[PDB]
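Engineer: The residues making up each chain are set out below.
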Amino acid sequence: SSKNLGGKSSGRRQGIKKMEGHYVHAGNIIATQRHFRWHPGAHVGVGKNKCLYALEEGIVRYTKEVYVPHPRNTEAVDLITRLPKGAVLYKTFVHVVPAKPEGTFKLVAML
Amino acid sequence: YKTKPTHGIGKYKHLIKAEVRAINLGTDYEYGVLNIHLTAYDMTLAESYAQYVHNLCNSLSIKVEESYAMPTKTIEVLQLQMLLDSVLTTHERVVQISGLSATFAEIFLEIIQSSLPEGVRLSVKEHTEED
Amino acid sequence: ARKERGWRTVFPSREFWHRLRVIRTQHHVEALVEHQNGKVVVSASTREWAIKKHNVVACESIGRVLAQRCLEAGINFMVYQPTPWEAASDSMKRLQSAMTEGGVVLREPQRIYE
Amino acid sequence: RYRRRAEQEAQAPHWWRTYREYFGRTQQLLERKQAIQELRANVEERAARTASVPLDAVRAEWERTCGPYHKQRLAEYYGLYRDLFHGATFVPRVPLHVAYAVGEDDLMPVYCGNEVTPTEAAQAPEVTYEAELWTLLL
Amino acid sequence: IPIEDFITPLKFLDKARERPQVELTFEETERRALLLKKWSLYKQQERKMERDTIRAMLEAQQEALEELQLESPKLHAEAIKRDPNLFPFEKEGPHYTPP
Amino acid sequence: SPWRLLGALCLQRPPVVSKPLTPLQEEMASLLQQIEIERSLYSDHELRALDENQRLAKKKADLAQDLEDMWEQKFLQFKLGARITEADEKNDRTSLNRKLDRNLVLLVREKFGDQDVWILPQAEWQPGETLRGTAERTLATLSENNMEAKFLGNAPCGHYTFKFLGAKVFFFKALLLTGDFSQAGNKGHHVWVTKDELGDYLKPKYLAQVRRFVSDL
Amino acid sequence: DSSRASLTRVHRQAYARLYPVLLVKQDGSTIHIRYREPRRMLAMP
RNA sequence: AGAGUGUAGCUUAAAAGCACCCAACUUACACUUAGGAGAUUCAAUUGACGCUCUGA
Ligand SMILES: [Mg+2]
Ligand SMILES: [Mg+2]
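Protein chains in written order, with the authors' numbering: chain W, 38 to 148; chain f, 48 to 66, 77 to 138, 144 to 193; chain P, 61 to 114, 120 to 179; chain 6, 56 to 79, 99 to 118, 120 to 124, 127 to 209, 213 to 218; chain 8, 83 to 181; chain e, 43 to 104, 116 to 217, 227 to 279; chain m, 34 to 78.
These are computed hints drawn from the structure, not numbers from a lab. Among the hints, a few may not be true.
[Said to hold, decoys possible] Restraint ranges, calculated between C-beta atoms of paired labels, are given here:
| hint | chain 1 | residue 1 | chain 2 | residue 2 | range |
| --- | --- | --- | --- | --- | --- |
| 1 | f | 60 | P | 177 | 42 to 50 Å |
| 2 | P | 68 | W | 134 | 15 to 23 Å |
| 3 | e | 257 | f | 116 | 20 to 28 Å |
[What the hints assert, rightly or not] With a cut-off of at most 25 Å between alpha-carbon atoms, the simulated BS3-like pairs for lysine-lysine come out as follows:
| hint | chain 1 | residue 1 | chain 2 | residue 2 |
| --- | --- | --- | --- | --- |
| 4 | W | 87 | P | 63 |
| 5 | W | 55 | f | 49 |
| 6 | f | 51 | W | 101 |
Note that CB positions come from ideal geometry on N, CA and C, so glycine has one too.
Please take these sequences and the hints and turn them into a complete structure.
Structural biologist: Structural data, given as C-alpha cells:
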C-alpha cells in the first residue's frame, strides 16, 4: 500500500543567479535562498524571502567577512556568548562594487 | 565552497558544546560534584557566604554547575522553665563544584576555613540527594 | 553621494557618510568621527593630555570638545549607532546632549536620488 | 568583547579576499601627575557627584600640543597631500590663525575645513601665527 | 519537590505605610559616598592579600611535590592519592564567646 | 645518593572567637545597619508599641516598655565568657586556649648532640611507611595527648632541603578538633604561637620559610 | 579573615525589621542573629 | 660569594590595553549601568637598591 505519501514538491530553482564578476544593473536579483547561505553586503538588499538583490550598477563580488549580528536578534547573540574567547564566526557575503560615478557636473549655459 | 581553500571558515558548531562520577585514577584526580551546605540562622549571612564562595570558585577556574537553596526549617522551640515560644529558622544554601586536582582541594578548604563567617556551619559531601 | 546600503543582517549599519564611534575602556574615553573608509577624521580622547587635566562628566566634556572639533572640521552630521545598553546609559546620553548643544546632528539627511 | 575581537580581525589582512580588497619626558610626566593630584584635592569627588570644563583653554592646549598631529589626518581626509603635493605628507607645526573681516566685528575664523562664503571672503584676511621668516600662500 | 523561601509573603502587602520617609542632607550623602569608595578600596586590598596568601601556598605545594618526586618516585603518586576522609567534612565557624 | 628520611607536621588550631573590626569596617557596618533600618517594612514590636500608645492616649482623652525593661534585665543578668583569655594570661605561651581570635600552631624544643634544634613537630619516616602515617604517629607520640587531628588530604604542604648525605624535611597540615593534653607542665618544651610569634621565635631559614604557607589572617 | 562575609545587607526589597539578637545554644556560645522583634537574649534549651 | 635580570596581576604596549575591586540589577553567577584603585627601584646607553637561581 505504502505508508508514506505526500512529498511530491518540485525544486524551488533557488541558488545564485549572478556569479562573481558579473555586471549587474540596479534591482537585479543576485541570489535566492531559504536560510542565509549567502548574506547581503555592500549595495545588496534583502527581500522577505532572504533573496539578495543589487542596489547599484556594477560588479558582483563574493567575500568571507566577519559576522557581527544585531544585538536585538537574540539567538545569534547567545551563540556568540557561548563561543570561546579567541574565536570569530566568519560568513560569506555578496558586495556590488559600483561601476559608474553617481553623476558628473556638466555645463548648462554661460550667463 | 568545498573545493576552494577557504572551505569551512564559517564552521562554528565545533566551538560550542550543545548536548556524575568521581574519577580518582593514579596521578590525575577528580572529586565528583561536591555540595557545600552552608547552614545558618541569618538569611543574609548564609547568602553572602555562598556568594563569596561562588566568586572564589570563579576566580580559581572551577565550575559551579548548581547554586540552589534548601528550604528554611521552622524549629519551633518551647523555652521551658511558663511557656515562652521562640520560632527559630535554619537556612541551608548550596554551591556545587565538580573538577578538583590533588593539591587544590586542601587549599580551597583552608581558604574556606579562613573566611568562615560568624555563626555559620559547613557540610561538604557528594551529590546523591533528594530535593 | 552614495552610502553602502546593505549589511542588513550584520551590525553595525554602514549606511552613513560620517559615523560617531565612542570607545569606552578602563580609564580613558575615546570619541571619534569616521567615514566608510575607516579614516578617522576627528577624535577626542582623555589620553590627549590636554583634556586629561580638569566618568560621566569626563565623557560629556570629551563630547563637548569633539563638537567644537566637528564644527572646526566642517562635519555637522553623524549617524550614531550604539548598542541598546549603550543607548540607555547615562554617559552616552550626556555625550549626545553635548553634541547637540555644540550643533552636530546625530541623524544625518537622505541621499537625494533623481 | 566579541565585537572588539571581530573588529581586530577585520583590521588584520587575511588571504581570502574581502571588503578591503575591493573597496579600501619623565619630568613632564611627573608634573602632569602632580597637577592631577592637585585637581583631585581641589575636587575633594563632590564636584563629580557635574562640572563643565573650560573649553577655550582646552582648545589652546590642543593647538599647542597635538593639534599638528590632528591636522595631518584632516589633510589626508581632504586629499591635500595627494593633490597639492602629488603624495608625500607633512605635519603642520606652526599654528596658523587666519580670520576674515565682517563689518567692524565680528571676525569669521578660518579653521581647517570650515565653510566660509565668498561674500565674507571678498576682502583679504587678517593673519597671526606667533613665530620668528615665511612665505604665505593661498 | 523544590520549594524555596524567596517569595515575599502576603502579610507585607497592606502593611507598607510605616516608613516611606527617607530625607537625607547633603553632608550625610557626601559622607556616605566618601565611605563607600574607601570601603571598596579596602576590599580590593583584602582580596589582593588573599590572592597572595593562596598563590604562595600553591607555590609551596608545588615545591614540595617537586622535591618529593626528586627524592622518591614511588611516593609522589601516593601523595597525590585523595584520601577517603573528605566524604563528610564538617566545621562550624567562629563564635563570639567560648564556653 | 643516601637521602635521609625526615618527615614533619605544621599543626593548626582553628580560631574560636571572631576578630575585632577595623574603624573603617565598623563604620561600614554601622552604615549597613542604618540602611537596613531605613529600608525595612514594619516590626511586631513597632506595630504593637506605636499604635497601642496612640490608642492609649485617645482612650485617656475620652505593652512594649515593660518588655524592653525585661529584655534589658535579662541582658544584665547573662554574664558571658571572656573574649580575652590571652592578654590576661600574657606570659602563657604554652597554653592552647590562649589566642581565641587568631589561628595557632605547636612549636617544640629539642637539644641534640651536634645541633640545638628549635623544632616544628618533626618526624623520621621509614621507607616502608607512608608519609601521612608517619605524621600521624608523630602526632600521637611526642606531644603525649589524645587528639582528633582532622587532616584534609594525603598531599603535603611544603618540603625543605638540608645537605651535609642529602636530606629533607616534609610538612603537612592538621586541624585540631579537640586535643586532650596529658600533663601541662611536662619537660618537653612545647609552645602555642600566632603569626608574629612564629616569625619571632624561629631562628633558622628552614622554619622561617614555613610561615608563607601558614594562614596569615 | 572571618569578617569578609559578615558585613551583610538584606538584598531583598520588601521585608521586616531586624535587630542584633544574641543567640546562645547549649554549648555556651553567643551568635549575632536577626530574629523577629528586638529580643536581646534567647537562650536555647 | 657568583649568574639572570627589574612597566601595577600579565604583555614581539609605548605611562596603554586587558586582567582587578565596591555598588545597583541579580536565588547566585553572568551581562549591563554607575563608581574605585593602581605602576619605569634610584643617580649620570653606564653605575648603585630589589627579587629569582646557585653555593657557604
Ligand atoms: Mg523532494
Ligand atoms: Mg517532482
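Engineer: Now tell me, hint by hint, if it's right for this structure.
Structural biologist: Okay, the hints, checked on the actual structure:
no.: 1; hint: 60 (chain f) with 177 (chain P): 42 to 50 Å; in the structure: holds (45 Å)
no.: 2; hint: 68 (chain P) with 134 (chain W): 15 to 23 Å; in the structure: holds (18 Å)
no.: 3; hint: 257 (chain e) with 116 (chain f): 20 to 28 Å; in the structure: holds (24 Å)
no.: 4; hint: 87 (chain W) with 63 (chain P); in the structure: holds (21 Å)
no.: 5; hint: 55 (chain W) with 49 (chain f); in the structure: holds (19 Å)
no.: 6; hint: 51 (chain f) with 101 (chain W); in the structure: holds (12 Å)
Comparing the model with each numbered hint stated earlier shows that all of them hold.
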